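Before any questions on binding or motion, here is one chain by itself as structure tokens, the form deposited in one PDB entry.
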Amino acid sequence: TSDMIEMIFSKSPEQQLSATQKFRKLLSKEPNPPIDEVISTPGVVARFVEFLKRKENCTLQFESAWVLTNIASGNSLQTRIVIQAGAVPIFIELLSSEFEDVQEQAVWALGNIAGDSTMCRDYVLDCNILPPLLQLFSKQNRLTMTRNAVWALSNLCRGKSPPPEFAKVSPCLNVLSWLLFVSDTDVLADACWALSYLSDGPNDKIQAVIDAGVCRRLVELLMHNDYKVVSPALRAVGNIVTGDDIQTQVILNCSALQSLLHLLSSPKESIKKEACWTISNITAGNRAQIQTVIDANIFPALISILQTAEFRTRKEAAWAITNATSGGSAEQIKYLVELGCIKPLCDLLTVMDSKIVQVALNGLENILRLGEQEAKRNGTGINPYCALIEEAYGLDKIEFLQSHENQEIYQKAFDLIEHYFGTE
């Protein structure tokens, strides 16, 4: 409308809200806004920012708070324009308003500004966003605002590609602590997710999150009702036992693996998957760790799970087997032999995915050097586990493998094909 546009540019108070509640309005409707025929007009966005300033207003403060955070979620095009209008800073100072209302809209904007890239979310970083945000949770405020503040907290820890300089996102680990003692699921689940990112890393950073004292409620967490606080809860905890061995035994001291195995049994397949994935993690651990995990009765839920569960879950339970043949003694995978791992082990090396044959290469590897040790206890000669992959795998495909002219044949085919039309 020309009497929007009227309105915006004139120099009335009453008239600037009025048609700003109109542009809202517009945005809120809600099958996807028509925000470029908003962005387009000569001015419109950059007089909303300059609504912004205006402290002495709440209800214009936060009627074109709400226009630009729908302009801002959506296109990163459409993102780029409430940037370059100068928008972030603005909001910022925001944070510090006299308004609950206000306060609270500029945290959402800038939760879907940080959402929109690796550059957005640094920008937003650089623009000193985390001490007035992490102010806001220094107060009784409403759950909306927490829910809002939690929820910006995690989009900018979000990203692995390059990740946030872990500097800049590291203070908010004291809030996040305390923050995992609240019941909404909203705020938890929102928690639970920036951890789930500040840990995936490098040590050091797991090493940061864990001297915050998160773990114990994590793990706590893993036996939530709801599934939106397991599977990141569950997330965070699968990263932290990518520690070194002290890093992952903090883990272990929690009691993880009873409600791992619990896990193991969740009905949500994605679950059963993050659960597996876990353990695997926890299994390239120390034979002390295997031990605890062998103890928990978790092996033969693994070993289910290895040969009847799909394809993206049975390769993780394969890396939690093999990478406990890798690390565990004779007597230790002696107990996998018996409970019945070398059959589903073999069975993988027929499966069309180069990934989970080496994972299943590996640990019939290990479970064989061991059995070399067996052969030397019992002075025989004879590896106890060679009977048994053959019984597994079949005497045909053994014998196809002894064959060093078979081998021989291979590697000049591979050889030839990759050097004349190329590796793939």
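Residue numbers count along the first chain shown, from 1. By rigid core we mean the largest C-alpha set that fits within 1.5 Å across both forms. What changes on going to the form deposited in another entry:
- Comparing the forms between these two forms on their rigid core, the Cα displacement of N378 reaches 2 Å or more.
- Once you line up the core between these two forms, the Cα of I389 ends up 2 Å or more from where it was.
- A movement of the C-alpha atom of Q411 reaching 2 angstroms or beyond is seen between these two forms when the two forms are aligned on their rigid core.
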Contents of the next structure:
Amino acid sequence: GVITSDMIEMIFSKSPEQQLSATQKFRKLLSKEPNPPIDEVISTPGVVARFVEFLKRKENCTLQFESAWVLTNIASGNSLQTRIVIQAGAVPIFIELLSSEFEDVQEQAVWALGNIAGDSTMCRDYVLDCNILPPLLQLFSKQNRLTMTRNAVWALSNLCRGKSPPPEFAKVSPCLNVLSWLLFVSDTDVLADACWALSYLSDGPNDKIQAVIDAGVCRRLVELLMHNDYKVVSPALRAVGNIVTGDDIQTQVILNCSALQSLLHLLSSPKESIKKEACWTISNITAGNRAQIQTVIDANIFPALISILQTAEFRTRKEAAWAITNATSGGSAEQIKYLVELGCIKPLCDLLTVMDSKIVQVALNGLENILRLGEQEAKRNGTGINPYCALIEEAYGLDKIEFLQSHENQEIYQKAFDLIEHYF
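Would you mind giving the form deposited in another entry, to go alongside the form deposited in one PDB entry above?
Keep in mind that what follows is only the chain, not its partners or any molecules around it.
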């Protein structure tokens, strides 16, 4: 039906003319937009191995090209369909083909390996075990072709992709330098996939983020936060937000690049995804020392966080709430004063009637920091009464705290009781 007998005949014919004819018939039939017939070509036991064998024909450049195209498309399907390609032995042949004299061939080779490594952690690590990156990284030495550089950075991103489990870090870490100078390219696709690779490598312990910091990319990452195309801004924001998951020294590295300035702009972006990830980045920042909190203050971020907390979608409001709560946990007595001056009590109180229990606890401790500080200001005893006990009451705060007595969660209920007794 879909695969005429003429095709298989020519495929196993020893005439290169007919070999090529049938191979490109397969190629065309696999370039179908809706659903190419991958299961149909796999159901003919001896064709996939036949294509693998065609890949070794250095004599003919066109034949390896068409066969690699066929195999890429087969490798673009389900996990079983690419396991067919793998256990047919195509990965080492493709890697050897990276060093080919013919440019079309090596482009298709890196594309095939990108699909294969983009399968799963097992395929990714298997392609790594075949020494893919030493010949893959030399491909960037030729800044001549663009399509090739795109395919190469995308395959790299696949090699870094995956967190369950992460790739062997020593196996993929040597690509950090090439990514480091790949951020200064003009093309948006290469920048986007380079930022994705950096975002994957930055997801891990402080050691891995310290390595990528030692690659010297934070400055260009933050400069890409202001990119016009969101295909670039999304992964760049993700990579920066990963770096700021480290200790104070390595997040201070991001701050020294003047990143808060552009994060403020991203707090107004129409895409709620970017708003959310920027709020998350800023929350991690405000979990640090008093100086990092203060540079968030001097960047005029908390006005925007309070606004976002009032009007944004709940997914975003969560990260905004974490931001201001973190600022209240380890902040100066004057910094939280700036916060309550800005009027953060009403948003936090507004967050108590919500379904999510964990961020209700967030708002609770963020209010308890203000209450405890206010009690500490009352400890001075210039005035006996806690000044914030009235400001939280004017916001209908203790009303919702009282309602939190009947809350199912024992943690929330008990905390509400402690607060109402200690401060009221």
